[PDB]
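Here the complex is missing a single protein chain, while all its other protein chains stay put.
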Amino acid sequence: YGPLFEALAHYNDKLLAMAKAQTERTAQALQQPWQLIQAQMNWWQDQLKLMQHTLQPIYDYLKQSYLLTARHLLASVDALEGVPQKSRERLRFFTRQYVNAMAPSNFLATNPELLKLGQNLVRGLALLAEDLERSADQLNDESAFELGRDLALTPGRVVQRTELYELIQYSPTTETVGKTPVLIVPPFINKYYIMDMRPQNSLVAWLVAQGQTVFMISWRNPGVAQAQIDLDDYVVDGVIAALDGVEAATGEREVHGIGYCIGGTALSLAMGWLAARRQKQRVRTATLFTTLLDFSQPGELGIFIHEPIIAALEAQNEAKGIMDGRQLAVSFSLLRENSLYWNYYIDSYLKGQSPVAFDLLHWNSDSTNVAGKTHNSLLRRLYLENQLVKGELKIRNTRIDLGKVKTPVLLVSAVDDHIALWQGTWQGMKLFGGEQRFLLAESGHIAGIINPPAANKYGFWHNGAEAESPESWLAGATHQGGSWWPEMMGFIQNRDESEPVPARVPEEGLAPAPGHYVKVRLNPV
Amino acid sequence: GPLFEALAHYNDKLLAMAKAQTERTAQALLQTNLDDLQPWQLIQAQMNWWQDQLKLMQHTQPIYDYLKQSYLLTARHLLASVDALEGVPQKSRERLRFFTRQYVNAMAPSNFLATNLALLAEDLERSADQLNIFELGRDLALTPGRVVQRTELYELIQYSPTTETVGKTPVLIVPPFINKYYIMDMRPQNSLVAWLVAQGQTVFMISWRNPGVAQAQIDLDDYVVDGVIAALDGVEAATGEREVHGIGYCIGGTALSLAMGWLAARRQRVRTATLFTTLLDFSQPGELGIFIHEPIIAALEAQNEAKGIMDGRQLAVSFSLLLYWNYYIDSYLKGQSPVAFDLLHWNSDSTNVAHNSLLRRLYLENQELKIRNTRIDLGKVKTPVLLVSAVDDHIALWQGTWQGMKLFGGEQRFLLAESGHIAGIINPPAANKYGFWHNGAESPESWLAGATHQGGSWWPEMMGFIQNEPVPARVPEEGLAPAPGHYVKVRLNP
Partner (left out) sequence: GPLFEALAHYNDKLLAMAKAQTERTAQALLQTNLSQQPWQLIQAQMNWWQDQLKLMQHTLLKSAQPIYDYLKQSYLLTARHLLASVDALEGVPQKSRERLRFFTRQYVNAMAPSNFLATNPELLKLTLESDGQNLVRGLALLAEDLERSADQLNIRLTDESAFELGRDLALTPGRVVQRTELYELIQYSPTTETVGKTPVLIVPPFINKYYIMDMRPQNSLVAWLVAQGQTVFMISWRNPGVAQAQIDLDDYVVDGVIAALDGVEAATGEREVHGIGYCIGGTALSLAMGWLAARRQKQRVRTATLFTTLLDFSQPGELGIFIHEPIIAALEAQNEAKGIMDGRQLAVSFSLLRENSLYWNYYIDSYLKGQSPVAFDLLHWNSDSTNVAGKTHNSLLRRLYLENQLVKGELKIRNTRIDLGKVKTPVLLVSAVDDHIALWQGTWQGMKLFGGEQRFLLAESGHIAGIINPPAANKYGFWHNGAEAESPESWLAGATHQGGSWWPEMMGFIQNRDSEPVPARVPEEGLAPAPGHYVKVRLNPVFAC
């Protein structure tokens, strides 16, 4: 009631400064036009002023509000006349993507009718699923983005290709690198290049610039041929087999592990599997981004965790062979940042960059399938039964006890995370039997994790002392502005300290940097 | 709550039209020879915005949440509108962009001086000009007829009859000279001229010339004697009748009132007098009272005498004579071409005015009035008078028109239309869209308190007012030109 007016004025001043800057650059000579953003900023201010004026009358506001959207339509299209049609079509496609992404009814997890809704609930769930998927198909233009050119362009080589993954080894870009390599295990629900989007916000590029040999697992988009691949296979044949692949290319049997969402869960299970069978420690440090080990707080995804629903999904998976990612794309959204338009479209434009919200929407729509047996194990053994905390989880007939893991773990979570609640991630940290550290990012599931140091856009909470509850941890935590990536880099290099080793140049391998598994789309472009 | 119900009524009316269009395209596939060759989705995009926004308001930082969701509805409205225009030809889309920009500006209070001085006008005048960078006789003003007389000030149009018998007494219409006359002759469905002819009435029409610099010294007095009285002599020359039924609109009715007084004061032709939104008492000038001040009128009087005439493009920026639901949405759901397009085209087809007498002698002095050195006394007029005013009138407040009715010395009746300055007047009986208030008993507020609503058009009530011996239908003479004439086609911006 007031701060909105002041904050809106601040954004208008930055656009006016950018408008003057664009005129000065045009003077030296003698993308979206600033008039298009001005058309939107004019709507936000006038609507707030009209609302303040109001603070038959309902109709008067409706008529006056309808006049403001009409002014918004006329000013926007007028700005798009000098823009070429191909670039303009890109803007129309992404705006259609963004406008449907912000509708809670468009996703089952946030759908009102599903919340309103035994067998009758299961039958109605299928009705909501088929309608949303049909709407997505008709909406889903082409030539949006090409991997290796616009996204996932960090130089490297594919040093190994298995049934489940392609192992990417990135170019060093430094004269010296650390002895212990870095292995990143991305989630197999979406594609990995969220950590390798663009050079300014690519986590892979930043880790490489810090003198570290970075390896990235690139999971295959599973087809019907991978119907029997289970969670056990992704742990043993996925993560551990990648560890053997890193040793085969660098000669180091010990690496720094990094995991994201369910990828960190697989990394945790791999460390528990090696520990339970008394194998020499192959993971020196383990950084886990928004990883869920205790599934007691599933968040909005708990609407699906019910015996009739899970039993129905298990039958569907076994019938179709795999879980169709296009069905998962309407089930929930991994990208739900608060004020995506303000912080990643308006702010990203005023920084001279191509709108980051465009890249985020393309990654969110680059859905991937899940193996039939894997999804079921993930639904039942982890989300429903919560075997990992109860010590009942078995990976290839090996009971997993994370207390047997002595690898120092660093859990980096996000306060506004809607997929992996930070409190839930905090409880799973105590499961480990070694050093434990916790970090709490300021933004959401995606924005709070991909915050490069240069952006200086958010912050984090750190606390070295132990607490008995997440609320107690945060109460004693100290806030630090900026990115937490240097803190993670300090967490890795303060425990290996090892003499620097000459930069490992990747071998030619089988394929160029991005690989082939990441380019396989469910809806081909 | 009732708003939701009215929206549901429109949505069902749009769905019925959509089914009718699908059936017509299916029948079109049957009749398609080899040798020869707005979408409802666009209106559906509009109805989707109106209903969903009302739902969002009913649901209601908290303010930011409403703003973000409201911006999402505007985004759907923009995307659905552009997608609805996929098959529309680019030329047709430019028409939609042109008229929607006119409606946006026309409903913007800052774009008009009265709803927002010369410096502010010059900037506003430029904004209209930079924006600038229907055909009369075909789309508007297409009622058949002939120009029986053309003078310096007007063209007299006599329309061809559509009935075998017409009334003996002809009808003469005196339009306002601030805008063009064809608002009373839009299209056959909403043409008052066509309706009067169908009622067995010979109709004559004055078509005022768009005044140039050559008419700098033409005064209001000339429009009374050389305009209205001279037209009466022209009607007698074409029909042999010295007595006509008078109809006036806005300032045209004021001139007719002064014309009746001028013949009465000099003891010398008007059977009935119907006056639409006619102002005789200027005590309630409305929003135009901002200009009625001694320093402002004195400044304008010097400018008008210097330039000769006041540019109508400047008058169009001073105030607006001009709706979305009843003349664009409703007109579209009735199968018609959007009437709101014609009204916007007429409002922007402004005409010049020579005017100082109107500012000072009428608005300021509110006369004591003398027309050609002849004192005006409306009490000397015994002609039955009918005042038709509008509740939502922003130019001529209906209370001011009611008080001025008492100036006449004969029968007086008052009618109050249910819409604005123009919409409540141009309401044909076939439309069945508005209503009126009537009260047979004799303050303006006291009349309305005792008035009864009836609904429908007031044209049959006006036709009953006039008609309360049939003559063979008068076929108009060849005259000088066909129906629309030449004076009405003179545009300030070609």
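First chain written, first letter: the chains are A and B, and each begins at residue 1.
By definition in this document, a residue touches a chain if its C-beta (ideal position, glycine included) is under 8 Å from a C-beta of that chain, and two chains touch if they have at least 3 such contacts.
Check B:35, B:445 or B:478 against the missing chain and you find that the one touching it is B:35. Although one chain is not displayed, chain A still touches it through residues 142, 522-524. Residues of chain B that touch the chain left out of view are 26, 29-30, 32-37.
We adopt the following convention: only the chains that are shown with their structure count from here on.
Rounded to whole angstrom units, the spacing between the C-alpha centres of chain A and chain B is 61.
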